[PDB]
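Okay, so here's just one chain, in structure tokens, the form deposited in one PDB entry.
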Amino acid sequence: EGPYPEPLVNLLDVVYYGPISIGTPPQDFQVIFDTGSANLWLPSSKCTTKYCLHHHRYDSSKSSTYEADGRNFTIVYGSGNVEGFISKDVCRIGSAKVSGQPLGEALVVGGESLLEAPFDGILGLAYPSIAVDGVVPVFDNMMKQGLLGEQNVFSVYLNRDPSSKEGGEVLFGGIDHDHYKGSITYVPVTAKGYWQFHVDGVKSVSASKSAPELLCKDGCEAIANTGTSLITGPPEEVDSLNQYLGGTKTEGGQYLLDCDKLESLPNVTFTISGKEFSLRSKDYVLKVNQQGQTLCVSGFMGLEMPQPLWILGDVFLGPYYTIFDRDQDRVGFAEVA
């Protein structure tokens, strides 16, 4: 039947995760719901590294619904990598029971983002074209099993106030109007891999400068990625934007801003399906306590690997409730409520 509400925890506005179980009887885990990848994996009971011993581990020998596979599992993300092998078992999200779901049993994990994470693993929600190793993603198996009825969508709410008791929600098979106001604006998916679409323009108009900041002038492409904290952009353009905002590069990738002069910072605006989606400085300034006192980080950043996408992470997906629609292959945005 469904829909199935999945409740999320928010850690410091930079990672969101929530509960699932695997096997019979249920073995419990915490995972990040990542629209930027399409594989499920968890730490194996066969692993006895520090990393594995500090996390929840999957023990196939204790599950009566386990089925062996053993094909190799290897994936590389931006901030990490994992290696192990495939197994199949029941995967539960709220009251949904996904039978025969393949997962990676992790033996080797690299990357501080993963090693230090508060979550045990990643549950990818991207299209099946970008799954590695021949295994079908969780949502695809939910669709094959008819678990979403006739509404094969999921909708993501992220709370941008970390002191709240409710971190967020993934709603599998539904859209919840109590998380948004006005109406949803849809944009078609341009390449079915990431949740990727066309953006018309990106701009910012400061009062204290003579010229506006005009980026993505002839249009560009973006993705909605729940698996990352910030907004990433093409390096030349995102650097120009951070400069226009008065930031200073310091040091490894992130720009810093003056924590007094925030009132005057202009809005940053993404135009999508001809509608303006504006971020205020309250939305895009991240507050951090690293090295004693308190800093104001720009939520816009460039990677050292050249790449052309605007990657809309948690900074964007908090103020805009997002609908990921597999029936119609479209993304919907609406002002958060």
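Under this definition, the rigid core comprises the largest set of C-alpha atoms superposing within 1.5 Å between the forms. Residue numbers count along the first chain shown, from 1. What changes on going to the form deposited in another entry:
- After superposition on the rigid core, the single residue among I130, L115, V108, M143 whose C-alpha moves by 2 Å or more between these two forms is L115.
- Once both forms are fitted on their rigid core, the CA atom of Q293 lies 2 Å or more apart between these two forms.
- Residue displacement note: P306 has its CA displaced by at least 2 Å between these two forms (rigid core superposed).
- Once the rigid core is overlaid between these two forms, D13 counts among the residues whose Cα shifts by 2 Å or more.
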Given for the second form:
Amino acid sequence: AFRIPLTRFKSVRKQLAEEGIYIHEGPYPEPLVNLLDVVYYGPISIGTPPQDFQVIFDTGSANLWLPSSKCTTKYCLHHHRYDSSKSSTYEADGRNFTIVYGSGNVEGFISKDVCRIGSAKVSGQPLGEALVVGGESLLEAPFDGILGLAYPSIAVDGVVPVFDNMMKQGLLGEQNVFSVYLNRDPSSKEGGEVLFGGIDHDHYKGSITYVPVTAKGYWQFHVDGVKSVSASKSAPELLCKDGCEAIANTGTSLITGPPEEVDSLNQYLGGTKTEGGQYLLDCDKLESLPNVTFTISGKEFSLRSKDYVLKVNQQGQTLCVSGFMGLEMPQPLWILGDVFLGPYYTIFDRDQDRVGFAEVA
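Next block, the form deposited in another entry, ref. the form deposited in one PDB entry:
Keep in mind that what follows is only the chain, not its partners or any molecules around it.
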């Protein structure tokens, strides 16, 4: 058991929306990392002596990458960079890599070195030395790179994900799991935490409801249904009626699903489609907005409007936005961002290949 503290920051997509600037997505070939949407980072260090970094701990991807000292692009010059020549434990690989991101590609070459995750010491860990990171308005971003916590099958050639090497090296004891506490509250000192090799009882109430992983790549599982139900409507909103597939993604905020289904959901909520793509709700009519519920392994996971409405500062206008939007992919998926993962503590279990949810504390 070792514990990494997470810090929450306002996403670049949000900073853009405040100045009244929107960028359309997509459609996507499948779920992609998008650096405009990432909201939680935590510290790691690489090499000997340690070189310090802030990275996104991302269940939506499986790669570890950081800006290379050899990268002199704008993004890299504005962040911490890994210098292999300064580390006595560096071990060369040298092969090239490319990753398709929603925010523009990430490219470079593979290297190996000690990766430090709090008190844990991951040895011979492959990483991407990034020479290219796309694109606009990431010069402020408080994170340097990404550390992926998904399965090895969606890693680039030459990388084994960080958690997998923690497993091979016996660093987690008997529980090959990691647990994630996300605090969406702006005020609090702790933004959240990732607990490696354990489950923290202090962070949830009730019991944990497990769901089996369906396709090993993303942390992907089956959802029984999605619905919203209200005393103020002649009909319910019933979606995902015959079951659907979802992924848990700590690398994003909004809940994303098949467009026609979430458009319908947003209409039911009284939403108004912005030219930006998000749906506006009346800020004075948030009180009687119905819960939206996800049924997983026969159990209901309810979201209150307090959980799913996002507030944004436009100019002077405070302005309220639905935390659900459509994103088409060929193999339709609900992507569960922090809107879902904030009010639910989440256990990621590689022993049994399952994901656990319990009410947060």
